[PDB]
Every structure is written in structure tokens, then in C-alpha cells.
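Take a look at this single chain, the form solved without its partner chain, given in C-alpha cells.
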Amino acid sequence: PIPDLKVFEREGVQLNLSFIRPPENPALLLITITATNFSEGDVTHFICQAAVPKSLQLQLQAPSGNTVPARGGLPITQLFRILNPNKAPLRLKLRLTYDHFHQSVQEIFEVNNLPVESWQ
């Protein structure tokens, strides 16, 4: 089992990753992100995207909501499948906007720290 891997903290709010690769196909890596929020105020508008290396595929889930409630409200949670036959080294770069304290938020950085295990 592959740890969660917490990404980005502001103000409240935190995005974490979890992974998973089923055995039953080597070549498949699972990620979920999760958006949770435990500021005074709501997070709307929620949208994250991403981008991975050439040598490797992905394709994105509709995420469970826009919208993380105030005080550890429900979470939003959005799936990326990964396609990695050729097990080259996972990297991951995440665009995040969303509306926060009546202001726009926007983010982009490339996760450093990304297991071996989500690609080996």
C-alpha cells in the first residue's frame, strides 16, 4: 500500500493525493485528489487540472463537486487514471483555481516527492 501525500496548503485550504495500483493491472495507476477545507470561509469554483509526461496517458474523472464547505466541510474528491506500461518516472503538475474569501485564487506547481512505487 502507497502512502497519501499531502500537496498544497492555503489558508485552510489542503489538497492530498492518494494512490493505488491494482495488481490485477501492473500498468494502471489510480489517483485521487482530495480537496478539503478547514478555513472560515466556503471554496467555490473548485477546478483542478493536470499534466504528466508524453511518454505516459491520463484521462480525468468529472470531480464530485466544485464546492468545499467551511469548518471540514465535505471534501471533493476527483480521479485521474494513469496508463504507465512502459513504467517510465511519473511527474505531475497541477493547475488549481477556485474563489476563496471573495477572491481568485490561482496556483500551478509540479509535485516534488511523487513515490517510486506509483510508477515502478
The other form holds:
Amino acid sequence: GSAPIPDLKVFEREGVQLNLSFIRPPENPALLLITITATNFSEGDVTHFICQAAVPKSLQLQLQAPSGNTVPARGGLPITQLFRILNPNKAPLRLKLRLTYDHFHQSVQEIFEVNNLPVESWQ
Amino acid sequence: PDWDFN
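For comparison with the form solved without its partner chain, produce the structure of the form solved in complex with its partner chain.
After this comes the whole thing, all chains and molecules, with the earlier chain placed first.
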């Protein structure tokens, strides 16, 4: 069984949330799996959701396709998307995200570096 | 170490 690394909620705006989950498979110490999960507890759907991510060049990032681009209102089906990070040199993980989507007929563009990444995700 | 948005 893999180490139990706590989830990290990284974003909340008008009922839309983004959460990170982390898995460090013991059989491959250089690998970190991050699953992003977008949820929506507001009264309006999220559409055209795209999450872009960047890591320091000391690390490698791979993005899987997301489960979808819509998060229905009132706790609808979440979007999940897998990030594969390879970090053999145990460099400090830094992660910058760019979220773009439509919500309440507004174009949303949010960009930020993720703070409070658990050290277990890279040590 | 530099980054990139793809």
C-alpha cells in the first residue's frame, strides 16, 4: 500500500473548487501521480474547463486528457485529470496552474502557483 | 528551473 498523502484543496471561486490528490507508488519512487478534481456547488454550470500546468524544468510533467470539460451545477459529475510527474532528483516540487472556463456567462482565467504542497509529494 | 504551459 502507498503512503497516505493528504489531499490539498487549491482553489475556490463562487462554488467552483479544484482539489489535488497525490499518490507516490512505492514501486517507483521517482513517480508522483497528481489527480486534479474540479467540483461545482454553485447554481450555474462550469463549461469549457481547461487546466494547464507547469513544473520546474528539473522535473518532467505528463498530462492525461481530462474526464471532460463540463462540471454541472449543484454538485454535478466532477472533472478529473491525471498529471504524471517524474522527479528522480528529488527536486522541490513547484506547480503552477492556469484554469480557464466559463461560469455564469463569465470567462474565468485564474493562474497561480500552488502553495503548501506536502513534502511527501517529492522527497 | 524554467517552466512551460502546453
